[PDB]
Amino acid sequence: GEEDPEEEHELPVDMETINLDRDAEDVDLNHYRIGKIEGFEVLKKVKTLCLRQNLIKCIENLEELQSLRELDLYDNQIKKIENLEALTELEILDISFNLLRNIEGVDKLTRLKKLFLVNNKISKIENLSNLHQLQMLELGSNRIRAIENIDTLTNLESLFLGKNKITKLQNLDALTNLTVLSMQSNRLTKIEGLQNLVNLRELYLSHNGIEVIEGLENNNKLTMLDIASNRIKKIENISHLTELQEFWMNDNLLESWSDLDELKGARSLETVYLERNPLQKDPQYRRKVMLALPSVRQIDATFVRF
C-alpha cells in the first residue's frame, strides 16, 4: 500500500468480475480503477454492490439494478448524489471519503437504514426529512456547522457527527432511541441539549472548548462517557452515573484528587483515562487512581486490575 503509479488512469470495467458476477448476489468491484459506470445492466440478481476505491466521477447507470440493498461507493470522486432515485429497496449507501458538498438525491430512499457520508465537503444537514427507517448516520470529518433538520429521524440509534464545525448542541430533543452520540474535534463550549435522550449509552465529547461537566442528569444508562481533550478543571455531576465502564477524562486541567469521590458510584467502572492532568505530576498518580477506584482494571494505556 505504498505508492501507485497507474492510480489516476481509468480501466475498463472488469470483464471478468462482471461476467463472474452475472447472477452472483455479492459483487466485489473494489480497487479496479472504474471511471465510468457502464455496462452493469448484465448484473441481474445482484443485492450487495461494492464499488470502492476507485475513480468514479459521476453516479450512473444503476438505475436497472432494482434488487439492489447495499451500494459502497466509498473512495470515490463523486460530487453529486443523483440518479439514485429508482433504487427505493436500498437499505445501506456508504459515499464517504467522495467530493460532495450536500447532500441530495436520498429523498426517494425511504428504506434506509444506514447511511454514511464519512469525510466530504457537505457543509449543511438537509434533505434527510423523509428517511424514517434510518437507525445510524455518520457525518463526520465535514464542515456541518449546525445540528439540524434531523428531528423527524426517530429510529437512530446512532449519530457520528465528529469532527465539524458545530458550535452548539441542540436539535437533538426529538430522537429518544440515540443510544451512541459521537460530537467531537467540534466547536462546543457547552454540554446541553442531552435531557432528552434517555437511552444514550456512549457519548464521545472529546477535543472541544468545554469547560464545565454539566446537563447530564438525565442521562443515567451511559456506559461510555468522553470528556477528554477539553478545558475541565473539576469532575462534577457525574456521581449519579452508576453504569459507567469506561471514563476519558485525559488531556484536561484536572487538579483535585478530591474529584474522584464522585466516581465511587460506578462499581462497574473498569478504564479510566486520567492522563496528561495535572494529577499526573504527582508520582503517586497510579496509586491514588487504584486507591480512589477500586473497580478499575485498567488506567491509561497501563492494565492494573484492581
Given for the second form:
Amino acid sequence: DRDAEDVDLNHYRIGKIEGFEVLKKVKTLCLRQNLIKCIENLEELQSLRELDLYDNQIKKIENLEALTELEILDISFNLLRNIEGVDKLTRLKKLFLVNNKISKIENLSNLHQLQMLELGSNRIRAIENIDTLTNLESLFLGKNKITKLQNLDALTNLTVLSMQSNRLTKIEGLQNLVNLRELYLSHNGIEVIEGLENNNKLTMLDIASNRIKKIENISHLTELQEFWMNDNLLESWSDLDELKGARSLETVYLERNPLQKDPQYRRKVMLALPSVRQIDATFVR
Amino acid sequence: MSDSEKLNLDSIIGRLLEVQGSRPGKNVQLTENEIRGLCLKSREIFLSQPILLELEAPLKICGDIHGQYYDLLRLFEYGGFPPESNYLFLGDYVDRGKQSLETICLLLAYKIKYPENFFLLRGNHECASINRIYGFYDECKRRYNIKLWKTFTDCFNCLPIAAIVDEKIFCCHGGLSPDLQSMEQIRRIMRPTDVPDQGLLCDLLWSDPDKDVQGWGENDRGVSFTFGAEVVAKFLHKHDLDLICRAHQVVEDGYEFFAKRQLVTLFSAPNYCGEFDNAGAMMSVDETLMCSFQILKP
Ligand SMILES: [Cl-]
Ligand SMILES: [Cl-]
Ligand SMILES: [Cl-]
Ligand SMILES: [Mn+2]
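Form solved without the partner chain done, so how does the form solved in complex with the partner chain look?
Up next: the whole complex, starting with the chain shown before.
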C-alpha cells in the first residue's frame, strides 16, 4: 500500500474496509468486485475524489459524510434498497446506483453539481425529487417500473435521457428539455409519437419495440442523425416524408415492421431517405 | 477477407492478448470502428452458417464466461489458443464487470479469423433489450456510446442457437423445449431475430433441468419452463443422441450431470458473483466422441 493518487484493488477478495487511512494523497479509490458488505473506515480519506464500489455486497449507504470533496461515487451492482447518506457530498458530479433494489428517488436535494445520474436496473416507479438538479446533463432510468414521465421541467440542461424497458404509455413532460439531444424510449408501451415540439436539438431518437403505428410530429427534428423504430407497427410508406427535413440522417432501423414485408424494403427507404447510409444492421452500397 | 483486414485483425487479437497474466482489471481500449468492424464481419459469418450448427470432433466445449475476460484467457491456456484447438461456446459472454467488451471482441475476432474452427452459440444474455440484463449495456455507453450497444444487438440477433456435435451431442445454452419435436423446427427459425419471451427460441436459451420435477414445470426465473429427467431420456432416444450439453446455471465443480449422466451443465466462469466459490470446466471431445473434463481453479 503506497501513497499515490490512484489505488486499484479489484478482484482482491477483500471483505472489510480496514486500514485505509494511511493514504495521504489518494484521489481515486477503486474497490470493484470484492466481498465488501458495508462501507466503513473511509473517514480520513478526505482528499478522495472518486470512489468505486462496483459489484459488492453493500446493503446500506453510510459513513460517507467525511468525503466532502467526492465527485464520482459508484455503488453499482450492490444490495442497496434506499437512497441515503449522500447529503454531505455536495460536489458530486456523477452518481452510479446501477442494478440495485432502490424503490424510489429521494435524498438527492443537495447534489447541485450533479451532471450524470445512473439509476438503471432498479425498482423505481415514479420520477420524483429531482427538481434541484439543474445541472443534470444525463439521466439514466432504464429498466425500472416507471409509469409516467413527470417532474423533469427543472432539468433544462439535460442532453441525454434514457427510459428504456419501463412501463410508459405516452410521451409527455419533455416540454422544458430544450437542450435534449439523445432520447431513448424503447421497450415500452408507447403507441403514438407526440410531445417533441420543444426538442429541436434532438440528434438521437429511439422508440423501438413499442406499438407505434404512424410516423408523425417529427418534421421539425432537422438535426436527427439516428432513428431507431424497429419492432413497431409502421405500415404507411408515406410516413417517411416526415423525415425528409433531416438531411444529416445516417441510420434508420425499420426491420420487423409491417413495412419490411415489401419485396423492395431496403430500396424504398434509401430512395425516400437518400442521406441515410445504414439501414437496419447493414450499410447502404 | 482482404489481406489488409487480416493484418488489422491480427493487430486487434494481439492487443487483446497483451494483458495475459496481468492485473485482473486492466482493460484494452479498441477504437469504435474496430469494434464495429468485428460486429459487422462476424455477423455475415453467422448468417452464412446454419442457425443449427452441425459440428465435428475434435473440439472443446466451454460454458458461460460472464464477461470474466481474464478467465477466458485461462480457458485458452488450458485448452490452447486458436487455432491449436477448436472451440464451441454456449452463450452468456457479457454481464457484470468492466471486461465484457474484451471478452466478446476476442471471441468475435477468433470467429472472423477461424470461421470453421471457432463457434459461438447464443445465450440469454445476448438479447437485444435491457428488460432483464443491464451490465453489458451499461459498459458500452460508458466506455463508448449507446449506439455501439445497438450494433452488438444486431450481431447478437444473428448468433446460432444450437449445435449438434457429430450427430450425438446436442448443445444449447438453456435446454430442451416443449415445442421441440424435430430439429427442422430449429433450422426454420429465421435471422435476425430478438429473443422472444416464449416459444422454441426462448426455451433453448432459458429452460433448466430440475430434479424434483416430472415432465414440464414452472421456472423460478419467470421465463420458459423446467424439465425433468425422463424428458431428457425420451429426447435422446427419439433423435438418436447420446448426451445433451448445456450451461446457463452455476455448478460448483464447473460441470454437473443430470438424468443419469445423460445431460451435463457446463460453467466455465470460476468464482462467479461474490463468495460462492465455484470452479470452471471445459469438456473436450475427441475424434471417437469421448468426453474428458478439464477443471480451472478460481
Ligand atoms: Cl453484417
Ligand atoms: Cl476456420
Ligand atoms: Cl430429427
Ligand atoms: Mn444464461
